[PDB]
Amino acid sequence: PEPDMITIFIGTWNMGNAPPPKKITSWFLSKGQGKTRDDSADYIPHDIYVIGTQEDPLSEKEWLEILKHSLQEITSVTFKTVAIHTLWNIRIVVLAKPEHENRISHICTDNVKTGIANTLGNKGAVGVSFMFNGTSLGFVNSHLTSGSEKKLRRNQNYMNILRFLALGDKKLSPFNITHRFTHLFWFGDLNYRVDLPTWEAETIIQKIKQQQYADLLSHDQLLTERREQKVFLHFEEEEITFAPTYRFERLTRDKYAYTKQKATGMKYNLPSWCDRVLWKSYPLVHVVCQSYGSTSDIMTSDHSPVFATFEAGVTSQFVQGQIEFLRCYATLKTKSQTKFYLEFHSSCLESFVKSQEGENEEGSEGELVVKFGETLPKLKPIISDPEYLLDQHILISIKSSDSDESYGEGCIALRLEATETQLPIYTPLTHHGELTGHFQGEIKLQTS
């Protein structure tokens, strides 16, 4: 009997070029500080474990042996290797329960190297994707540019990874990783810092000792850059309720090592939440964060490991019906005056469908409204069963007739309140991960 939900463990650890201690089980049990897992769940395995490392000094063979031993000790299950991929000292391991070996297909791996010349050679990202039954899953482990003064370079690294990491279905040619997966998890040493003056270091340390994180989180560069729509547009993160995970003295967690030294290039490392887990799932699909925290007992690195766990909705492929898009229009931020057409892509279609050109008019601010009227092709899904169709998504790309390049991409849920009824639909449109416009109109879904 096929599951409707699985549980996914995400771990991120910057190992600080040191080997791990003998026992790392606390990481995989979600024990320590923050939103932690209940003791009563300790022996219950997660379906999929995704382990991201940075500054990893081990061989693939050495680290795989440690991970499989740790999980065997916790669960009495011998986990199967789905994928492993390493770029320099940045690594991703995906392990799954053996009962899932025939549920997992289309495994892909890739990496991106960020920067150019002297910034090219240790920062970037690794990724894995696969299908679990009918559900596509993507996982990204990035190690972004270091240093409190380099937030804009981190945002540029993000944009490069999002654009160039080649995962998921290659037929989705208009779409980047932010639209190719039912569920996308993006984690790593993202290296965003708490932006307070360097002379406040001792004040920050006393706030951490009091477990008073609010005045530090209000200066966390990732939270402020996300609020300003500069990075991770349309991603989610669980609330942080654990101490900063960087930068610790090794072999204890009692001291933060913040002061400038020759070894840090005379940079301050004020305590920061460098180590993060974010996600982006298709609209209305079940995804719940069940833990988000840091370990307290793993002390070989200047970072503490971070864990996050999720309940994630999955579907079967189910191996007459109709989707009608009515009175639709795109509002674009572009100054271009080409004509545009749409492509509709979905796992529920045999192949993507191209629309005729829309009718351009000038909007209120002078910006571009592209009108599609009642002109859009009726989409014919391969299965009409409402238990299948209402769980599906239509990916939309708006493309230039002159260049055939996408100006914007979005996603529409078929999880409607009604069938055979005209209902409002809406997605933002993004391109290279930044907002380019909006798509709005009405839908009518025919099922059996």
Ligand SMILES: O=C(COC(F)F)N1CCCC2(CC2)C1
Contents of the next structure:
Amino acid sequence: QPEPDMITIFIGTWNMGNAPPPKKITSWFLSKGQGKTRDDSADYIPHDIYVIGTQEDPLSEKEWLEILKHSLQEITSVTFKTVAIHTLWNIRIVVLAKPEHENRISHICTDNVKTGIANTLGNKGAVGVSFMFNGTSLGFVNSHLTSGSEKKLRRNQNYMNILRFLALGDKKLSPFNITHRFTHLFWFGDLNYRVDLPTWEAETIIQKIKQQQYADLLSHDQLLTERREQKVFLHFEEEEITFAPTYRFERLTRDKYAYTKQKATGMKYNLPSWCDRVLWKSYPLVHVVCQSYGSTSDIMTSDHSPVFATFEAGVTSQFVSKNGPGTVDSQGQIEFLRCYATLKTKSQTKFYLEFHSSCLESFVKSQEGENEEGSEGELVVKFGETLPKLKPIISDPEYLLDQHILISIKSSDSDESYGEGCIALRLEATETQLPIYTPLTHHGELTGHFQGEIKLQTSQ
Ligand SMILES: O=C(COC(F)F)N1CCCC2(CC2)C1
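Got the form deposited without the named molecule; could you also share the form solved in complex with the named molecule?
After this comes the whole thing, all chains and molecules, with the earlier chain placed first.
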């Protein structure tokens, strides 16, 4: 029974509006409705992993697991295994997997983050799950961010708190937040970004939606505009939105957007918006292809419509050689030439690097770099040919070319990371000096760049 080199992953996000779901929700898991939808010919083909995020979920974990599992069994005739379930207040994540994957999945982690302070602490935040699927790390975040059209900055803040404080994945990757810990990270939820147009334009917006003309609405979507200004979700991807706004509907129909201010809304307008989103970030040069992104049309218990997204995702096998794991393979080496970090910091400490990778027995600390002044004010930290030669556990190019090196640049004074990034070993050539590059972030914000050359030796 061969190990897969690809899997498909279903991501669902649904703000249930505190109401029980209808008796049939299969259209959600089939990626049927509006947007980029899944071909009918695939309806019986199970996804490998289903990850369901809910917000304003009124059900018990048991109640929702029974609905989800029975839904999938009706669609696929497969009884899925529960990988993880985690709930914070009314924010929930469920991970289900085909039974054949039960012993491919390990290192299952769950966590939550509560966002805000005092007033603003008590119902928003995020839940998440991570695990290993054979040689591949997967992370999933379901967040319910702050509501309200005039709170996009709060949402951005909620994002940064969640990525800083959600404790998923390998705790040994201490300098790295969840935006660097996973081969594939999926972040979804009721992110609550709105279409920023004047209230007086409500009926115009509705008109545009009825015409399926989304371009002048998407150009005012706060998530797209904040992402373009690098205010949030730096280095994440989102598929093009080709489905109608998923909020705010009158319940029991989809024929009406309920946008007008009400006591129940805190006297706020809810212009039609794409509140409900799926984004991802995968390590460089790993296969990830969105194969659906849309909303259901036939699930109407909530003032939101469910959103679906599906992905092909590259995965690797749990590699064993006669040498590593449990030793190095002297036929493998990773060398860095002419490397330098460019940092936005105004500080003047010395810096050193840490290289972290599951292709190493443990992380590697460099010598301090040499600080120079860049011609436009910047700190340039030069490592020259000084960086330590990295000794991978396995030299086989079928393993090593699929690996990645996480890099942290740390202050010698404080041992605090000033920037984190990732370099793929999926090179054009081995035994050949080749350019490398990663942006450096810290708390998910851009802090610099790391660039130089790499020389990878494999057993071939
Ligand atoms: O064994 C597994 C998962 O295994 C495989 F399906 F990922 N779990 C035991 C503890 C409780 C749990 C939520 C159901 C996960």
